[PDB]
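Colleague: Residues per chain, in single letters:
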Amino acid sequence: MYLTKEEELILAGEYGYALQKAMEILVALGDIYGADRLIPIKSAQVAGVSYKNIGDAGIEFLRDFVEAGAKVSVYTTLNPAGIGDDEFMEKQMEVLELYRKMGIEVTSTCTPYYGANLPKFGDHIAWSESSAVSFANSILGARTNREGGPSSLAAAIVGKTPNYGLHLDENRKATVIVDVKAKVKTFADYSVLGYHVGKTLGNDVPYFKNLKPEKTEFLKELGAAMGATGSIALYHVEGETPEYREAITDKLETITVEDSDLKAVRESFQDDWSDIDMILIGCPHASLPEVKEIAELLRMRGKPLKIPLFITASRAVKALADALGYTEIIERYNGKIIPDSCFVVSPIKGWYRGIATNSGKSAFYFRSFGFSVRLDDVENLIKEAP
Amino acid sequence: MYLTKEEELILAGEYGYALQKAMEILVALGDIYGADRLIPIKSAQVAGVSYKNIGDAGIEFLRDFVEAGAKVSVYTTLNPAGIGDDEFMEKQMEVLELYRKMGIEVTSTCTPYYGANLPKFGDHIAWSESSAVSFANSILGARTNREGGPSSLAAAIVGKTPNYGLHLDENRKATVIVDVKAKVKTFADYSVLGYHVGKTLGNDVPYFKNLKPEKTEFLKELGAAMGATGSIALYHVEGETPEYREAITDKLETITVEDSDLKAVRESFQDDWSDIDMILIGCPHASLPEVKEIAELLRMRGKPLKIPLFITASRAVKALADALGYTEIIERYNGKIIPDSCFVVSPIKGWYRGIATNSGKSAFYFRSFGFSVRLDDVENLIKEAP
Amino acid sequence: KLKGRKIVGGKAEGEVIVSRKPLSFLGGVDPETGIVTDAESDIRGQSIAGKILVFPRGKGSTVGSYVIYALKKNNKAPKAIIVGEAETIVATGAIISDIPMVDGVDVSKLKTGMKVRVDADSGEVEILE
Amino acid sequence: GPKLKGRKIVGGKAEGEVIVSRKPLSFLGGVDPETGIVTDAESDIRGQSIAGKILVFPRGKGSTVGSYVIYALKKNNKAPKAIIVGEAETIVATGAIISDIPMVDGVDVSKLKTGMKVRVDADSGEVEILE
Ligand code: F3S
Ligand code: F3S
Numbered sequence: 001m002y003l004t005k006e007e008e009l010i011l012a013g014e015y016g017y018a019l020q021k022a023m024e025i026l027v028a029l030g031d032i033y034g035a036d037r038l039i040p041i042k043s044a045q046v047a048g049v050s051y052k053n054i055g056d057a058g059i060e061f062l063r064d065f066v067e068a069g070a071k072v073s074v075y076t077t078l079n080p081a082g083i084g085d086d087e088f089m090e091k092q093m094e095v096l097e098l099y100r101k102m103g104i105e106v107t108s109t110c111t112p113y114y115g116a117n118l119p120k121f122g123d124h125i126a127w128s129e130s131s132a133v134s135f136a137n138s139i140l141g142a143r144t145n146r147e148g149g150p151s152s153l154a155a156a157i158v159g160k161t162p163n164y165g166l167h168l169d170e171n172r173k174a175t176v177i178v179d180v181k182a183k184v185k186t187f188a189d190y191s192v193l194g195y196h197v198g199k200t201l202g203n204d205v206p207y208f209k210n211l212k213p214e215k216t217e218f219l220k221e222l223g224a225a226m227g228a229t230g231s232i233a234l235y236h237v238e239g240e241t242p243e244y245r246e247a248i249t250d251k252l253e254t255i256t257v258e259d260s261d262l263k264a265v266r267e268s269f270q271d272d273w274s275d276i277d278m279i280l281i282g283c284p285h286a287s288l289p290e291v292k293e294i295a296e297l298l299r300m301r302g303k304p305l306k307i308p309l310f311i312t313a314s315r316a317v318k319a320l321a322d323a324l325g326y327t328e329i330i331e332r333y334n335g336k337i338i339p340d341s342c343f344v345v346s347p348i349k350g351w352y353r354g355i356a357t358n359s360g361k362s363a364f365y366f367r368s369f370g371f372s373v374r375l376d377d378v379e380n381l382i383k384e385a386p
Numbered sequence: 001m002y003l004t005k006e007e008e009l010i011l012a013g014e015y016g017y018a019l020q021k022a023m024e025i026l027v028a029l030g031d032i033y034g035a036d037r038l039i040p041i042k043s044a045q046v047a048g049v050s051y052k053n054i055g056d057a058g059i060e061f062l063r064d065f066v067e068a069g070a071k072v073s074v075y076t077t078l079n080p081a082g083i084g085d086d087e088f089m090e091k092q093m094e095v096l097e098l099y100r101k102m103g104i105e106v107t108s109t110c111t112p113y114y115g116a117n118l119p120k121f122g123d124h125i126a127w128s129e130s131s132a133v134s135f136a137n138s139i140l141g142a143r144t145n146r147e148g149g150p151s152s153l154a155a156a157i158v159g160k161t162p163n164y165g166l167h168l169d170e171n172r173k174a175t176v177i178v179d180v181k182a183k184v185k186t187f188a189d190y191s192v193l194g195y196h197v198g199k200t201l202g203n204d205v206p207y208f209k210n211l212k213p214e215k216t217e218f219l220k221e222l223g224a225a226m227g228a229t230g231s232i233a234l235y236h237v238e239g240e241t242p243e244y245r246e247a248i249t250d251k252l253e254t255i256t257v258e259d260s261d262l263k264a265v266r267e268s269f270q271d272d273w274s275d276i277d278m279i280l281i282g283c284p285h286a287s288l289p290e291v292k293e294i295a296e297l298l299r300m301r302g303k304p305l306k307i308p309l310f311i312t313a314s315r316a317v318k319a320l321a322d323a324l325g326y327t328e329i330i331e332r333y334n335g336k337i338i339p340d341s342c343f344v345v346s347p348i349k350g351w352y353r354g355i356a357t358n359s360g361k362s363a364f365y366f367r368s369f370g371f372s373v374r375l376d377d378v379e380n381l382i383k384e385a386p
Numbered sequence: 002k003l004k005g006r007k008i009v010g011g012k013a014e015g016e017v018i019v020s021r022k023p024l025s026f027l028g029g030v031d032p033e034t035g036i037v038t039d040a041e042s043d044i045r046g047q048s049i050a051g052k053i054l055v056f057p058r059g060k061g062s063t064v065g066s067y068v069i070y071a072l073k074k075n076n077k078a079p080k081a082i083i084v085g086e087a088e089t090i091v092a093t094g095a096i097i098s099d100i101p102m103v104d105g106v107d108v109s110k111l112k113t114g115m116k117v118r119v120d121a122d123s124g125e126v127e128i129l130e
Numbered sequence: 000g001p002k003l004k005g006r007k008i009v010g011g012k013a014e015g016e017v018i019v020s021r022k023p024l025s026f027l028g029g030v031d032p033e034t035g036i037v038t039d040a041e042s043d044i045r046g047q048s049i050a051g052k053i054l055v056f057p058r059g060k061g062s063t064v065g066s067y068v069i070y071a072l073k074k075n076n077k078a079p080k081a082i083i084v085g086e087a088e089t090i091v092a093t094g095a096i097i098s099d100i101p102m103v104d105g106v107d108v109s110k111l112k113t114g115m116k117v118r119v120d121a122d123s124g125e126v127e128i129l130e
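Chains as they are written, first to last, in the deposited numbering: chain A, 1 to 386; chain C, 1 to 386; chain D, 2 to 130; chain B, 0 to 130.
Read the hints as simulated data drawn from the structure, not as lab findings.
Even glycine gets a Cβ: it sits at the ideal position worked out from N, Cα and C.
Hints may contain errors.
[Unchecked claim] Derived list of chain B stretches under chain A, where covered just means 3 residues or more per stretch with a C-beta under 8 Å from a C-beta of chain A:
# : segment
1 : 59-71
2 : 85-93
[To be verified] Once the Cα atoms are required to be at most 25 Å apart in a straight line, the calculated PhoX-like pairs of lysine-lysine come out as:
#  : chain 1 : residue 1 : chain 2 : residue 2
3  : C       : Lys91     : D       : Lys73
4  : A       : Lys52     : B       : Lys73
5  : C       : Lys101    : D       : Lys74
6  : D       : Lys74     : C       : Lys91
7  : D       : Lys110    : D       : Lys74
8  : B       : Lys7      : A       : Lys5
9  : A       : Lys263    : A       : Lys215
10 : C       : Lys5      : C       : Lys185
11 : A       : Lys91     : B       : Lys74
12 : C       : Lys5      : A       : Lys212
13 : C       : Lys292    : A       : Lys42
14 : A       : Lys71     : C       : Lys292
Full structure from sequences and hints, please.
Modeller: This is the structure:
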């Protein structure tokens, strides 16, 4: 991968052990994917935030790097944090501080496209978490690889990524055509479809015919689910995605998703309500209309919940639902909007044994971890709950 | 204009005086622009929120509609409010409250695309604020006309709009090319450029060549200005706009913007610091990195401002500035972040007499209100500030 | 008889008052009095109340439709509106105030003071001589 | 003698004794960063150490944070002396870089079996088999 004369200084440690190692990683990646040059990124999202993930090893590198003098050279935000006992939490906040000391915006969310950092169509960025990468690539038309934890951190310190993969016009072209004959209209239906399409596809860039989502949030989900079961960082919805007209550039095979395909997944997450002691909505982090949805749903329920309801959401969304009286409503019934945190990445196996959710991503991960799960729309979940 | 058998019943009056009179409005605008049918909208944005602009005749109408049971059938937010003495605020809160009773998100920002309401590419919506319209059409690819106060509300009530203008493919094609031969690098540059292009162009859909904006906020401002000195509801930037590839479909003329064009605008907004008693940034409402910029700038200044600085912002952005520590750095140096208000729309005439700003829209409206104004970038406004 | 378009129905007869200038309701008309306030309108001081208004087009602020509604509550509203071309400000005002409006009429054939009848349901103006 | 050619990922030279696995090793929760003992649900190798051994395995897998586990491994001295991967992905190469662990990819790992002494010139992507 071609390196500028300045980049080949940084590589030679002229600007410090922190920039050197950052650059050292970025050339190792360019040498693996045959990127031509390093392109500048306009923002970055760094992965490896929860203490359950990176652990003490993660803090070790993060610590030495901050001491070496690592500082981000572009506007970068963070990935969601964990929730746990205060012994755990004390360690987590140490992680978030190290990232802060590097100059990162500590906004700890996977929906930074709500208030925090909204990329423009065609912006090259270094984002790191699947649901966000799929959203920025597919529903915003910006460009970013599915960067890892360390790859995004290095990209955020140099200010550049290798110019491989989804940064190139030819790589954003459609791979498969997905014809959705099944009835897919509720939020949970896009959860269950994204599950199935990710699990049956490979490293494809699908092209969705016959898909007309009511709420943009359904696609936010759809991509997230596909990013869990599969490895989809980009799709197209004919008429809804900004890049859909140029997506196809050769003959493609058409796979079809029938109602039988989806029922087989809806029915895999139907554990009894008596094994469910928690509700998670907000995977990915709820929008304001998602929260307003849950608020008005409890107003018509009249009575509170006997199990806790959790709405994971960006700091920006919470602070809206606060000022609009939505979180006041949600808290009077037994609910709480948990800001800038994530549950699937938190050590909660000993706190709750069963999650009900409208997310297909959480349904997928929690089932594998060993929890009872129950997958349904929020309107159904809030009605049936104890 | 064709009406579905349900729509003629709304006009027939089956669903109340509210939906009827709202439908009566719509079928009169359709019969003016020749809409074929009514198309549904995914969200709305109601203009006519400041008590300065709607006055008592405003609260007149909104009182009697709240009475006859008008509710909005689609998610909808508000134009910004005003700022004044406590009389004005009581009436202002009345206006906001009346809209709230119609089921409106009282967000009151011109940047709902941060946190509040982010339209997807290709979504038909019914927005009214000019700066927000320029964003939805040009930078997001969503489709809406420049609605009015009463029409944005009328559409928000029924959930549909006349199908004309910017909802149709062919009216989103460019009508003129803008060869930006001038140096346009900074926020003020895109401010002063938009003031020009907006003033020289008619009801054009301009196509920008040679325009590589570093920050999307530059295009937020570039659109806000053209919408203030002209009627530019949608523009294309080459390589940066989601619809720019299919923009030019027939022979277009090319106007060029020389440096002398931009210089003339700068020097009509060069009033002495001795004529200024207020700094306004955030017009349109600042993004998070805009607030970040101002804070890091007051950092280096290290002394407080002896005339007061105001950052008008969405409450979404204001909230992040709170939680990230940017506000505390601002209020320590005499700044203040004003959520969901607007200054060109507040009766400030007796309170201040001179506005220093970086916005071309603010400069144009404040100059034409009679105030002395001084237009520069934020870094200069804060260095040389008293 | 002059033929135009049915913007808002109803029937009305009254005294014609004419403007040959685009009239802007937000600012140029007082909701309390019906008097024109525009600095350079033909009828700088004339009141619209209970008359037959004739003017080529409305203009100004989208909010002007609300002024026309206040005129109708405060009872200083015109009996009918004859515009050259119906636009969003004036039409919305008549729609929400139930004021009869008919556009597309030769407004030059109407001079101030004429006794005139407007059948807005079928969109026709008849001059009474 | 029988020199095996591969690509330079991380320079440096290291001799020593081999351990080989024909299974994608995962590094987040796959190696105990204190002991270097391979702890992965699916593995050729469970309960064997990596410290001071040449680690031949087809590719890294799992979570991208595994690079940190390698960084902790190295600072605990329980890291391999060198790493002969078949195919360099971004988990193991990143960990090699931040750890300064000599790495080489592109080697035909079928010509290496567990126990074979070997030197790796990672500066040149070469693999001599000392006998
Ligand atoms: S990071 Fe966000 S996307 Fe879902 S799995 Fe966690 S809530
Ligand atoms: S309404 Fe908003 S866009 Fe600017 S001129 Fe006022 S702050």
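Colleague: Holds or violated: are the alpha carbons of D/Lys110 and D/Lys74 at most 25 Å from each other?
Modeller: Violated: D/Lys110 and D/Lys74 sit about 31 Å apart, past 25 Å.
Colleague: Do the alpha carbons of C/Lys5 and A/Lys212 lie within 25 Å of each other, as the hint requires?
Modeller: Within the cut-off at roughly 24 Å; holds.
Colleague: Starting from B/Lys7, check that the Cα of A/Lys5 is at most 25 Å away, please.
Modeller: 21 Å, holds
Colleague: Sort out whether C/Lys91 lies within 25 Å of D/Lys74, counting only the CA atoms.
Modeller: Distance ~19 Å between D/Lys74 and C/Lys91 Cα, so the pair holds.
Colleague: CA of C/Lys292 to CA of A/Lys42, is that 25 Å or under?
Modeller: Answer holds: C/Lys292 to A/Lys42 is near 15 Å, not above 25 Å.
Colleague: Would the pair C/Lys91 and D/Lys73 pass a check requiring their Cα atoms to be no farther apart than 25 Å?
Modeller: 22 Å, holds
Colleague: Against the 25 Å threshold, does the CA-CA distance of A/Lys263 and A/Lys215 hold or violate the hint?
Modeller: 22 Å, holds
Colleague: Holds or violated: A/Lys71 and C/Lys292, Cα atoms, limit 25 Å.
Modeller: 16 Å, holds
Colleague: Do the alpha carbons of C/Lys101 and D/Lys74 lie within 25 Å of each other, as the hint requires?
Modeller: OK: C/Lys101 and D/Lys74 at ~22 Å, within 25 Å.
Colleague: With a cut-off of 25 Å on the C-alpha distance, tell me whether A/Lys91 and B/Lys74 pass.
Modeller: 20 Å, holds
Colleague: Given that the segment 59-71 of chain B was listed as covered by chain A, double-check it with a C-beta distance under 8 Å for 3 or more residues.
Modeller: holds (count 8)
Colleague: Counting residues of the segment 85-93 of chain B with a beta carbon closer than 8 Å to any beta carbon of chain A, are there 3 or more?
Modeller: holds (count 6)
Going down the numbered hints, you'll see the structure goes against 7 and 10, while the others check out.
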